[PDB]
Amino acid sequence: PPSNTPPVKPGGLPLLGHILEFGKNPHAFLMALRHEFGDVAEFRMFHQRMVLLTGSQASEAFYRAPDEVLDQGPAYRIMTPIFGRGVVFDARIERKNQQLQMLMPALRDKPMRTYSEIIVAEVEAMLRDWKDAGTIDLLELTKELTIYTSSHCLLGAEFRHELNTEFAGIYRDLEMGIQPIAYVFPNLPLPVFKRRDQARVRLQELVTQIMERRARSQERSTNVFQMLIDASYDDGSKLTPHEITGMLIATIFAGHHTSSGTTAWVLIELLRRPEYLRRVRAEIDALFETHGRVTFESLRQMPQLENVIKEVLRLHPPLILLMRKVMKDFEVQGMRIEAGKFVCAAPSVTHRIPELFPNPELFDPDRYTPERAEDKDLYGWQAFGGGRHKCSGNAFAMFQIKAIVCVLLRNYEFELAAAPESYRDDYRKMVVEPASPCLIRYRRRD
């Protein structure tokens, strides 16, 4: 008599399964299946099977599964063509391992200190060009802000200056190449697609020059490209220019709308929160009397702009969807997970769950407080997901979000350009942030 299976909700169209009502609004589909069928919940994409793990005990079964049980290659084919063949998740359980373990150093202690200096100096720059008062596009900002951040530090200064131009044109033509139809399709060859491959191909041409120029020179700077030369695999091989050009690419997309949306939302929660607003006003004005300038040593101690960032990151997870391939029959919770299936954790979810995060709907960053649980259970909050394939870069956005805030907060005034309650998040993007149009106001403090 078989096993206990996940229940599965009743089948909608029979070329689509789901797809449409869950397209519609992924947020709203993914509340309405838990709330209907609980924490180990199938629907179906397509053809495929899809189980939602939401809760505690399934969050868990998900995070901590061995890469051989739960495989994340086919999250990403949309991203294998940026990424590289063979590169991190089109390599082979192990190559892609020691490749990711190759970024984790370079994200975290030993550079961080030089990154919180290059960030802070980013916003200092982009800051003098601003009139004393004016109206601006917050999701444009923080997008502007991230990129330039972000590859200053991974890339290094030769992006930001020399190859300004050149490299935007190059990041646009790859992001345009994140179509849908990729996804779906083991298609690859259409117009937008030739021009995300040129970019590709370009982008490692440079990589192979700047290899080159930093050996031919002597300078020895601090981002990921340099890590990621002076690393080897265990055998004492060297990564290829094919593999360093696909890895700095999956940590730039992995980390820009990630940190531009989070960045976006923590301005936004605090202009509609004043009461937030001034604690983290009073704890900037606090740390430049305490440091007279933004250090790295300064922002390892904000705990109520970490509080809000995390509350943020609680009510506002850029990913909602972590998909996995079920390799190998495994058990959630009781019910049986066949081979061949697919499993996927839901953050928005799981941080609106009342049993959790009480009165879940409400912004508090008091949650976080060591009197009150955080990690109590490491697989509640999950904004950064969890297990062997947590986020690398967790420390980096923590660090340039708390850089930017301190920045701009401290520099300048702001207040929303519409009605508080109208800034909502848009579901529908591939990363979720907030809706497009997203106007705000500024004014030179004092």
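Just so we're on the same page, rigid core means the largest C-alpha set that superposes within 1.5 Å between forms. Residue numbers count along the first chain shown, from 1. Compared with the form deposited in another entry:
In the core-aligned comparison between the two forms, the C-alpha of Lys376 is the only one from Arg92, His161, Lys376, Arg293 that shifts by 2 Å or more.
In the core-superposed comparison between the two forms, the C-alpha atom of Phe363 has shifted by less than 2 angstroms. In the core-superposed comparison between the two forms, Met104 has its Cα shifted by less than 2 Å.
With the core superposed, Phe185 shows a C-alpha displacement of at least 2 Å between the two forms.
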Contents of the next structure:
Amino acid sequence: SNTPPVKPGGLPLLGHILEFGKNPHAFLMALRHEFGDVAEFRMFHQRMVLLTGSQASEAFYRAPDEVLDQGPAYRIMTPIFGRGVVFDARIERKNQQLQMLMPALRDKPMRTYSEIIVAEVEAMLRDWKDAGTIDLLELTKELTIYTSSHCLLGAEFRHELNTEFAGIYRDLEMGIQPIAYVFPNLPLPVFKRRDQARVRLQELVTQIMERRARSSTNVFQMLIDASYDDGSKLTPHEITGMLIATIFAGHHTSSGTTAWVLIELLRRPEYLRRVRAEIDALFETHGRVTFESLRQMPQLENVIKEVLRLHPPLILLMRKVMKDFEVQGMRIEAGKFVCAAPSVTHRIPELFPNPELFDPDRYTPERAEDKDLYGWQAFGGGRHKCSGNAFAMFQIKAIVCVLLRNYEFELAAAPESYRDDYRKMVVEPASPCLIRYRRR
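Can you switch from the form deposited in one PDB entry and show the form deposited in another entry instead?
Coming up is the bare chain, nothing alongside it.
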């Protein structure tokens, strides 16, 4: 039929990758502005169709796995995750493993997660000096990696094996290099150290499984106790892969959004006063942080929601088109890729009036702009929506509570200097991001 519009200029081998790399958010904004809800560009030799707006986002998220494949986008992560683990397995096994992941990340385990998250933040606060200058993102990355490793992997990783796991994690993360998009299977020393790190982490998982069989609430144990539709149990390879995938999934996303919550609150003393009022009221009615965060935090909840609207950490959601797909009268042929851009759809004026303004009261029950499910798309949507939704929200909300209760903060640079680095694989606050603290 009528194919989607194609961005007119490009390089032969690279397509639009240079313009994309300069500012990805700007590139996607510009494609929408010039071509519309369904617009095609090229990265290297591959053709991507950006789907923006509620309609096209519904098309994207609502499409079945037999139509839109999640596999190829994760090809770089396969040496870390493992051969037959999530996204490199066939659709059935992939989805069964992901469903195994789902329960451990919501509902009942959250209350046990809460105590340790609060305890970790308190512990870090105790050994700081009374006042100083820190990097906010550095702090949030350390806090979120510690708390999520403890909650999801187990106490063994935060305590006895902490040093070796820190090493293995930095080696694995250093193994996630973009060059692999261009030249896959290129031999690199960082890749050698990544592979060795994965071997060692699988050894550690095997050991801990054996010891736990001799003798806790965590994703590690939920995967030990989980089974397929067949009575077959998960191998140590599969368990180590799925665990490291969850750890990687939540680290930079949650850290960046916590950082942005703090930055925006310090930028806007109105909302900082509202949120601190909520914190001080909850600390009186419900002594201590506790699970009081989970529930009666509406103001901080909406602050986090608007933070995710204006700074969504995942800016491009890519899937290959397996069967001819049609959006808005336009045919997307198999072999093309489709993409969802939360940063672009969140800034559509029809969906969000005055899009560049930061007002968390967009999400009040009276206005309900997060109602579409295919407009506000920070956690994705559909079958493959975020399974770490509640855990991430709670981690952010709890970390902000303990920090804001125990310390008072001042922005160490210009309020307008704090910006997004869209050139990062998971978008985070900009490199300097410095703050000052003094204890209350």
